[PDB]
Amino acid sequence: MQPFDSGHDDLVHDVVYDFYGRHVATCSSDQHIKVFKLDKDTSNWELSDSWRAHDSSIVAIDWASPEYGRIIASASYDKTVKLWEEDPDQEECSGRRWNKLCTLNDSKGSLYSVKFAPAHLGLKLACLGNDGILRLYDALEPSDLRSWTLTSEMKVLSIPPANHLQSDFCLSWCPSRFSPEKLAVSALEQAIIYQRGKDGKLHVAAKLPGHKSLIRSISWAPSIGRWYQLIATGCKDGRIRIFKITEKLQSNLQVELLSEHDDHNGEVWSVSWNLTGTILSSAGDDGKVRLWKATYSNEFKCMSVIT
Amino acid sequence: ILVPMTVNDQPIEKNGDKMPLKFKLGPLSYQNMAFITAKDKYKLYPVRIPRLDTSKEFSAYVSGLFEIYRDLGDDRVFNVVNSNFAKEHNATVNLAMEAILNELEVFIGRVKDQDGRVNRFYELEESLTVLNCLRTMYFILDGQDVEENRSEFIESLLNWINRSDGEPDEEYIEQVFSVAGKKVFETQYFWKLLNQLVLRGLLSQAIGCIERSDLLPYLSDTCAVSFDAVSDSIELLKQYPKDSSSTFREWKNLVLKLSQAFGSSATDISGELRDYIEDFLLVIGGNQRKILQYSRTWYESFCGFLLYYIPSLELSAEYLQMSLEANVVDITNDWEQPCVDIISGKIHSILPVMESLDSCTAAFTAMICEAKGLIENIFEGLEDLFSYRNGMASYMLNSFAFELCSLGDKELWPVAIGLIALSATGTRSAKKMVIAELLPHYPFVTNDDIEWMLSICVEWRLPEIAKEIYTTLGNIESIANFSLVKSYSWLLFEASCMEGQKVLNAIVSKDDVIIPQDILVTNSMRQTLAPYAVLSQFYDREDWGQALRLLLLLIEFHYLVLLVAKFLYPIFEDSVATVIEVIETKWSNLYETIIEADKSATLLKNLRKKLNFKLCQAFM
Amino acid sequence: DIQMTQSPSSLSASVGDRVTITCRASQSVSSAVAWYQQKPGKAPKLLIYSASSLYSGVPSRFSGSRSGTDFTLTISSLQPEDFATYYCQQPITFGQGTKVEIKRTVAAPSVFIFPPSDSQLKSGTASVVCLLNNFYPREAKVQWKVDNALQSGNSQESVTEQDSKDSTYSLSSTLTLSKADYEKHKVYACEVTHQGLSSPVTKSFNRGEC
Amino acid sequence: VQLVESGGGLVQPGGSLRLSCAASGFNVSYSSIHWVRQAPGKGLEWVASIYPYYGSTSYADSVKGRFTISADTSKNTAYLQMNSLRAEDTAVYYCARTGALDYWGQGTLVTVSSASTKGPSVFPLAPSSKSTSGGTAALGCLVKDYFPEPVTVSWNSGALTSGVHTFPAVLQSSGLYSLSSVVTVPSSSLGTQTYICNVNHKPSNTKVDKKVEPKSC
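Protein chains in written order, with this note's numbering: chain W, 1 to 307; chain F, 1001 to 1620; chain S, 2001 to 2210; chain Z, 3001 to 3217.
Only chain W is shown next, with the shape it has when bound in the complex:
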């Protein structure tokens, strides 16, 4: 397990694992999307395919559930979202292994994030950009992976000032299968949660208070076994935060802060979870990655520090 070159000329923004953890998707500013394969025999990562996919810098990426095929989604500063499907009848590295299935141009501002929804809701996805408007899209007919309709539009931010390079937005759905549809969203200093109502519309069901700067990352944790939800955030103020959300101003959702950690002394850029939501990861300025486990008391403890 030695490092390897991505093949990108410009800085790389996101790396994402497929469902089985045997594949990886990379997107960079050189407007390319690379897909790597983990060869069974020689336990090495080797490029499956690379290709130009956008006219501008590609910032976000994500894989759809395997029960819908081999599908990747990308978000770029070119105000669009593109969908791709792997065509197994093409040579690897040919640049023609992934066919565009559609393009979403509804956004009138650059896009910073795109996340597929939990499989138990169909091919669904969300995106957020400069326009401060979250959008949900649905592939209503699972046969037509081109039939992408717009399911919803919500104004997250209300008055985004026309003079700020300092912009960040993040998304993360609640993975939980036995919990009402809902997703988390970060916008600058704010971080708010949306929940599906009885009326099939998104409503703000709560906010995660405490952030005193820009939220670089957020991710909802798999609540396998638990009755509550946990979402972590990596802020620019140098703090990792872990919130406990239970459902028992108009909410049915409670919000606890479980932990805060400044161990990074600088901005926390990446926050990620286990497949079981048993381990939480964090990375930042100090050039270190930290792994966290939960105590018996539900506090969180650093079980190791990689560098």
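Any given hint might turn out to be false.
[Stated by the list, open to error] Listed next, the in silico DMTMM-like pairs over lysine to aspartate or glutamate satisfying Cα-Cα at most 20 Å (straight line):
1) F/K1486 <-> W/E141
2) F/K1605 <-> F/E1581
3) F/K1043 <-> W/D5
4) W/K288 <-> F/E1581
5) W/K288 <-> F/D1040
6) Z/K3118 <-> Z/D3102
7) Z/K3215 <-> S/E2209
8) Z/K3215 <-> S/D2118
9) W/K301 <-> F/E1499
10) W/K100 <-> W/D41
11) W/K124 <-> W/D41
12) F/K1018 <-> W/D199
13) S/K2203 <-> S/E2161
14) F/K1510 <-> F/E1499
15) W/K301 <-> F/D1221
16) F/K1041 <-> W/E256
17) Z/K3064 <-> F/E1581
18) F/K1014 <-> W/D263
19) F/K1039 <-> W/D10
20) Z/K3215 <-> S/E2183
21) F/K1467 <-> W/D9
22) S/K2099 <-> Z/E3045
23) W/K100 <-> W/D168
24) F/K1018 <-> W/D263
25) S/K2039 <-> Z/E3045
26) W/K37 <-> W/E91
27) F/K1410 <-> F/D1053
28) F/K1043 <-> W/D168
29) F/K1182 <-> F/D1142
30) W/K40 <-> F/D1449
31) W/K288 <-> F/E1556
32) F/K1410 <-> W/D41
33) W/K108 <-> W/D131
34) S/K2141 <-> S/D2118
35) W/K37 <-> W/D49
36) S/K2045 <-> Z/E3045
37) F/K1346 <-> F/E1383
Simulated from the structure, these hints should not be mistaken for laboratory data.
Go by the hints and put chains F, S and Z onto chain W.
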């Protein structure tokens, strides 16, 4: 714990613009990933979770322990055939404790033999020592005294002590049997190493070290009196009781008699050897002062106390104290203090530390500690398990399961799911939900793997899960194997197109016997009908019947209609006319293309054919 | 019962060569045809199923194809480890097999004769042995002569498998006589004829001489 | 994944043998177990199969009425009971499975005959007294008149392997096998080195060690 991400290429150097490091945990414990969003930093760093066990030896260990857990049956639980349920409960549990101990020993062995790093071996042995001690103190006598079962106890004790540390290592036996500046073997060293052997129950070796130098020599010659002592003393040693606490009662008798006799008698030996023989006899007689004197470590003292003084655990409290006054606890190794804790009653608060040494061992340890009833669920209250609501053991086991799920070893997945399923606490529905979320991540490859998954979906009733798994499998031969509603319809249409264009599968629809059995839906029936029609065609009345079947199929269902019209034209009574009529009543680019291919306008040709048919009917 | 006919029954090809083995079904079977490789002294190993599907893990130089009732196994670039008998399969029936060997330059044999030991005569029979060592091609001819008379019907021979490094064969021939017949004669000789030999080589001994 | 085959060996003609194939790593219950045999120097012959799903069985004409294939799904084990065994049935027997035949038994050898097991005699093939100076010499052992196969040969207990050739046995008209094993060595070592051939015939429990040296005159 600080580990180097990559002890080769480190992506940073100076505080030169603290770079945005990013990390994402992968579905597989041993395959995660780190990267940097900065200029001239385009490398990807695959990272595996610190101190992760991927070895085969480990999975073997895990399987063995799960076996012990599973085999424990109802006894893995503790009920807070009347007075025997208690004794027999402890019987089996205590045995399980031995099994766990064994499995861990085996594991430790295989780690010492096949290894890159031996640190794991050392830690696992320590874990074993502490567990031996735990069994010796709580997993043999069930709260009673040594008389209840002298054999088993002394066996475990003697075992615990002689596996904790290596000394006296034979590398030290020769160490003194070589060193001089004195006459033969008679310095503080020989005796210290003789007494040490006795205190540890190592009587065989003890005897050997004597028949090594001056048993018969210096003694049988110089002093005939002390020769008899040193000899029938070795005889008593030869028969130290290990089964009857009666025989011991009488043994210490003969020993104290010997020590008194020698005590006041013919001193025909050196001033030092005199005492050197007295001390040996005192130690064997159980003199506390002496047992403490010739002890190098507290556990040697404690062991001696139990072996030669009074074999009663009612004095362990005192024994340990004296032992610790003689030799403090050696903080070099991690097992001594835990052993001291065990002996002195405070068993608890060891789970977190053992969890640090190895999650698995800790898990099952907590489990058997719950089985014994040494720890219980004090909670008394939120529709789920992975919490403090249930036991501390339940918690640790469930945690281990979840940890196993990210390990990606399909061999242990049964262990994980089994662990969850057998969890003595939690609603069947709660478990249902947990399995419903874990199973989809099973690393299936074989057919058997899939069948296992399915069998678990059946066993737990997860039709929505099975439906999803299968959906993943479905995503020409593959399509044939698959033969949701829309997909079936599409398959039907494809089959119809193929028929219009016009092997084993088709015959089966209409090795082979097995296939027929497996087959034993509307799409399928239609394809079968099409096949029958084609067969009839290959084989006048038959042709008419086939045409009728085709018209019926068309009615049930554009391309198909065109194919039918083409067939009718190629062929070119009342029922036939009626059918033709219905078709005319029923009557885009793909259809036109098909028509063009057939010719190699369509509506007109169809009308002409219909007219011809009508004329034919009129003539008839 | 269905018969499967492979062509050829035997072939020789150089490393890096493309190799084609064909199998023809007695009647029309459907793509239900598999190909196997068998090393000598070992279980067959599946190569191809359903006429053209590559079995998991098998090197991609192996491929299968169908044209009507003709089934083709192709090896795109032959490797030294590929020597074996290959079988097609469709009661289940197997083809008769195609033996594949590696072709190389001629190598002349080394020839050695051995008289019967004293211990053998000691029991009533006399075996005389001619060794041909490390040669190619396989077709060597041994001709026994006893006091210069040609021999027939009283000898047998066998040949080793091809050497894994130098690709040569060796051959042993045994001439068997009664002790009495052995003792009726003086000059025992084995004459070897082979491509690598520009003329035949004779090794001989005289009975009872040293 | 692994099939295991046991219970062959040596059997008198007209006699009987039950072969077992213990499976693991796959669904015995939906698989088909086949038995395929290979007679010395010949091709593969499929003799029988059973569906564990339906219990359906079938047989090649050559064994029908004498061979019974069966299967116990509860121990993942299949069987071939071989009655009225014949010389024609001598072969390595493989069990194999289908869910083509992806999983193969390591095979077990069934030898069918009445001849008594006979240990071989072992004679030296002594190095020629005319062996070329500074050249190469050949020497060997002749392993004559044994039954049944097989025999194994080593040189100097396995320490000498280079230049060794052990030939296939030939069947003499007597019905007994003979084989030869030889090795080439430098000529200058005939005076100075020891060469011993080690012969094993397991069926008769024969083991012989025979020193091979130049003949004295």
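Hint-by-hint comparison with the structure:
{"no.": "1", "hint": "F/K1486 <-> W/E141", "in the structure": "holds (9 Å)"}
{"no.": "2", "hint": "F/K1605 <-> F/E1581", "in the structure": "holds (15 Å)"}
{"no.": "3", "hint": "F/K1043 <-> W/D5", "in the structure": "holds (5 Å)"}
{"no.": "4", "hint": "W/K288 <-> F/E1581", "in the structure": "violated (80 Å)"}
{"no.": "5", "hint": "W/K288 <-> F/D1040", "in the structure": "holds (19 Å)"}
{"no.": "6", "hint": "Z/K3118 <-> Z/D3102", "in the structure": "violated (39 Å)"}
{"no.": "7", "hint": "Z/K3215 <-> S/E2209", "in the structure": "holds (11 Å)"}
{"no.": "8", "hint": "Z/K3215 <-> S/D2118", "in the structure": "holds (9 Å)"}
{"no.": "9", "hint": "W/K301 <-> F/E1499", "in the structure": "violated (65 Å)"}
{"no.": "10", "hint": "W/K100 <-> W/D41", "in the structure": "violated (31 Å)"}
{"no.": "11", "hint": "W/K124 <-> W/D41", "in the structure": "violated (35 Å)"}
{"no.": "12", "hint": "F/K1018 <-> W/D199", "in the structure": "violated (47 Å)"}
{"no.": "13", "hint": "S/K2203 <-> S/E2161", "in the structure": "violated (24 Å)"}
{"no.": "14", "hint": "F/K1510 <-> F/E1499", "in the structure": "holds (14 Å)"}
{"no.": "15", "hint": "W/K301 <-> F/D1221", "in the structure": "violated (72 Å)"}
{"no.": "16", "hint": "F/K1041 <-> W/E256", "in the structure": "violated (38 Å)"}
{"no.": "17", "hint": "Z/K3064 <-> F/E1581", "in the structure": "violated (60 Å)"}
{"no.": "18", "hint": "F/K1014 <-> W/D263", "in the structure": "holds (19 Å)"}
{"no.": "19", "hint": "F/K1039 <-> W/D10", "in the structure": "holds (7 Å)"}
{"no.": "20", "hint": "Z/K3215 <-> S/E2183", "in the structure": "holds (19 Å)"}
{"no.": "21", "hint": "F/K1467 <-> W/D9", "in the structure": "violated (43 Å)"}
{"no.": "22", "hint": "S/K2099 <-> Z/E3045", "in the structure": "holds (17 Å)"}
{"no.": "23", "hint": "W/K100 <-> W/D168", "in the structure": "violated (27 Å)"}
{"no.": "24", "hint": "F/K1018 <-> W/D263", "in the structure": "holds (15 Å)"}
{"no.": "25", "hint": "S/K2039 <-> Z/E3045", "in the structure": "holds (16 Å)"}
{"no.": "26", "hint": "W/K37 <-> W/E91", "in the structure": "holds (13 Å)"}
{"no.": "27", "hint": "F/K1410 <-> F/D1053", "in the structure": "holds (14 Å)"}
{"no.": "28", "hint": "F/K1043 <-> W/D168", "in the structure": "violated (24 Å)"}
{"no.": "29", "hint": "F/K1182 <-> F/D1142", "in the structure": "violated (51 Å)"}
{"no.": "30", "hint": "W/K40 <-> F/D1449", "in the structure": "holds (18 Å)"}
{"no.": "31", "hint": "W/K288 <-> F/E1556", "in the structure": "violated (67 Å)"}
{"no.": "32", "hint": "F/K1410 <-> W/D41", "in the structure": "holds (17 Å)"}
{"no.": "33", "hint": "W/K108 <-> W/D131", "in the structure": "holds (6 Å)"}
{"no.": "34", "hint": "S/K2141 <-> S/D2118", "in the structure": "violated (28 Å)"}
{"no.": "35", "hint": "W/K37 <-> W/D49", "in the structure": "holds (9 Å)"}
{"no.": "36", "hint": "S/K2045 <-> Z/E3045", "in the structure": "holds (15 Å)"}
{"no.": "37", "hint": "F/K1346 <-> F/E1383", "in the structure": "violated (33 Å)"}
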